[PDB]
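Novice: Here's the letter readout for the chains.
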Amino acid sequence: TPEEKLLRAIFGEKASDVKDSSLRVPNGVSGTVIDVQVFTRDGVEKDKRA
Amino acid sequence: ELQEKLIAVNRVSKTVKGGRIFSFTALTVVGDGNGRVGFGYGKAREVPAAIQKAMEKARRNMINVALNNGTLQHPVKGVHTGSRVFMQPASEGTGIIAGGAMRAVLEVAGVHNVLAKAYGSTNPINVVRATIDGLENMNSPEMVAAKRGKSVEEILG
Amino acid sequence: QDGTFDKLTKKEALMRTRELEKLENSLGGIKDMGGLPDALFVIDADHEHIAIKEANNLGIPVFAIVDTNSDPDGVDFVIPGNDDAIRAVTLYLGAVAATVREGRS
Amino acid sequence: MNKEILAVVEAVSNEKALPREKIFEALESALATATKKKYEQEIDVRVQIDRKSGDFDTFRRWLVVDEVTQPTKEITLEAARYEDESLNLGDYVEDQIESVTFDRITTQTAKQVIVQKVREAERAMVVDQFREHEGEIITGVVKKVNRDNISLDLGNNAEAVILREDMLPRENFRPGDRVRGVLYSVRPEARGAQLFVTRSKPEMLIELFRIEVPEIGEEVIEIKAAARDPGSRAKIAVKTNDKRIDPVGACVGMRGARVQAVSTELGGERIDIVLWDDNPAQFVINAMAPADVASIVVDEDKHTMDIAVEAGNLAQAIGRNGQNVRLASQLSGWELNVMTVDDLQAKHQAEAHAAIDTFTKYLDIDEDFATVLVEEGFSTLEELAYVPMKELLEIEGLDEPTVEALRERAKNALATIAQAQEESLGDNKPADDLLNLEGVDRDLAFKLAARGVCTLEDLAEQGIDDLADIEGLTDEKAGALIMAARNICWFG
RNA sequence: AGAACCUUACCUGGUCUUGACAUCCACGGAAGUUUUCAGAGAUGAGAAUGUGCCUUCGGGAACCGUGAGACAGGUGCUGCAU
RNA sequence: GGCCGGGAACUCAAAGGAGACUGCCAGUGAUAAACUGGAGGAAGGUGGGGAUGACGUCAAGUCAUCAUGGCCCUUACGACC
RNA sequence: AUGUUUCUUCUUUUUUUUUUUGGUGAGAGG
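Protein chains in written order, with PDB author numbering: chain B2, 896 to 945; chain J, 9 to 165; chain G, 121 to 225; chain NA, 1 to 492.
Rather than coming from a laboratory, the hints here were simulated on the basis of the structure.
Hints may be right or wrong, so weigh each one.
[Unchecked claim] For the chain G half of the interface with chain NA, some residues (derived, Cβ under 7 Å), not all of them:
hint	residue
1	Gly148
2	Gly149
3	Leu156
4	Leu160
5	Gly179
[As the list claims (entries may be wrong)] Here are some, though not all, of the chain NA residues that point toward chain J, as calculated from beta-carbon distances under 8 Å:
hint	residue
6	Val115
7	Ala257
8	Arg326
A virtual CB, placed ideally from N, CA and C, is assigned to each residue, including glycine.
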């Protein structure tokens, strides 16, 4: 659409009518994150938290 | 309103090197029936436009006659170029007859009692100029009591 | 005043200004008139005789300055006065402007 | 991507006849607003779209101000000039910020702002081009019927409203019906209908006649006045400068065809067409049609006219519920009193007797001399006191000494009547009771007492509307005085 | 914008007359196919043999005959009937 | 043998346009119209040419391009070789 | 210098749409 040609222009890095979703997780439970494990298959770049 | 009444149709031509093109002179008359009379002169290249173009002049040619009791005043001379028609009085004679192609003109003034006779040459074109011109210089008894005598009631008796 | 050249050739538009200007001075500032007025003032009836003919057929009362050579057959208000002067016609025009100063209120 | 911005700008510019610049300014504002919503904090944001590539940079805008009220969106001129010496009050300082990805959310916001810009550009220019329609009889389709208004669709996303007072009393519209009406008001309101359409006001009648009568559209015939009882009866006054044209006959048309077309569009409203006259009395005679008027008496001072009719015509002159006299009065601007010839003569005899009694009582003249003054047209003590001495000297039997004595007596009588009014209220009643009301000066107390408000109780009983005509009394000051009077009389 | 047959509507002679061509009506022949002939050719006189698809499978469209036809055919006239 | 490489300069090939209008200069002429010289240009006055045949005249020709009212043949004026 | 005969005409009344995220195995609650 005209607007969609401008949606392709500036931040078309956002595909078209994009909705890039992270691991947006669901509800029902509270909590406190006590322990985080990160396992990396060998060869892959370790990020800063790993 | 304008109470149309239409009469005339006959060809006229031009005779150019192409040929002769039949224009159509058509005449009529327009009036209320109670005092306002006046006509228009119309012609075209056909019949229905000429009766429509003659209308606009008849809107601006209505001339009053001070219709006394839906008739005339007194015998007046409608002499014009080609016809010398009299306007003979008939005070409620209850007869509406005038000249040929003048009768349909004197339905639109409204009258019901008058006599006539188109003296001279029997032409439909000098009629409608004269049958208003006869009606024009005609005046009701009040106006010719307004000027002569300088006593209105004494000519009235 | 804004366009009139960028829609056709430049050669055409001077004919338009020829059409505009010669119909500007000859149609005057009378384009916002009421079309059929109530009166018309005549300065001289020698060659403007067509007006006093035409202004009489619709019953419109129209004036007339007369000089020695013209006829009153058709005009309504015959006023005498010489038609060949510069300030005197404006003295006539200053006189009617006093009336037109009342001819607005 | 890049070339697509140019193709969208060109398509929208050509289709909506809108400046590309106005579309970009609005997209920048839309993207700035969409960016502001992604931050938890209230930030100021400027977006700039490149006009060749369609690429866009987003800032943290800092409105350069003299005094900072919002440190999250505003920066002082001294601090802004530390970064760029060229900045002035009202400029923006920027901050490298990640431009919002053009998702379908920003896309929807951009679409909404474009649509809103088109309403304030394309649709605004369409309304400007339709300057005639804004005033003439627009045609709409009924979209919705409510109890209090009808919503019309005019096309091109333009909506108009007919209010309940703007409808004819017997009209029943359904959704999908076509309706004509005059656009009488355009309001630039931020919410609601912008276009107000009437079928009840006199302008609807005038414009229907303009469309149906070519001679009115060509300015050959002028409508001078229109008076209307919507869906029942109207009167129009017509004038022409061309003596060859009957203006009434032109508006009626052949056998009434033109006036019947207008009447049919107005739900069978009866339309009288009258000749405008420059003489008020002759114009009122014409306005009273179809009733025959026998005589008119004009009171110029009261702006009223007494209309005598034959006893057989009285019911026609008044009309059903006074409709004929009311429409004639609205058309002329005069107050019209319709009576019989016998009643007019009885009224004039009663007025003459009251004037004779007044002159005999106050001028110390005999009844014979008072009768001569009334026969010469004097009805009030004010006329006798103030009229030019020449008019009084034209009366047979008045000499300059007698006229001077008569004027002195009339002035002394007016002064005695004024003083007796001031003593009835203003020297005792409105000098203590009505004066007590905080704010009443002696002049206002005498103005109140001239209306019969002589006491503080009389003032407590008034409405603001009853006092609105008193010179120097505003509605607020009237309301304050009435409340002060009520506080003393009813709550003291 | 091209007269050996053709074109050709003109002429001689020899021929069918519901006909060169069209649609329809009943029924037959399937359609198809090469070749021997009275004859100038036309037309007409013959012999060997064949038979795709749908099958509501008591048969139908694409092709011709014989018989009644309605018509068909008209470069036969009227350009001052258009 | 542009035949075999090479080239996008160039003829040619073919498209959307740029190019001309009395635009400018002077004399003359009613400050107009306007003729024609001076200039540059590929071309100078609708640059050379074609296409488009106004209202209409010959009631000009054609029924034999086709259509089509009457007329007659319709065992023939129709049809075949 | 000459150029038949009988032969031309003229304007006011006709016109319906519109479309009918599964299986298996184990455990548990009622």
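Novice: Give a verdict on every hint.
Specialist: Here's how the hints hold up against the structure:
1. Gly148: With a closest approach of 18 Å, the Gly148 (chain G) hint is violated.
2. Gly149: violated (17 Å)
3. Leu156: Where the cut-off is 7 Å and the nearest Cβ of chain NA is about 5 Å from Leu156 (chain G), the hint holds.
4. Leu160: violated (11 Å)
5. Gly179: Hint on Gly179 (chain G): holds, closest Cβ of chain NA at ~3 Å, below 7 Å.
6. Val115: violated (53 Å)
7. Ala257: violated (10 Å)
8. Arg326: Since the shortest Cβ distance to chain J is 29 Å, the answer is violated.
Taken one by one, the earlier hints fail for this structure at numbers 1, 2, 4, 6, 7 and 8, listed in ascending order.
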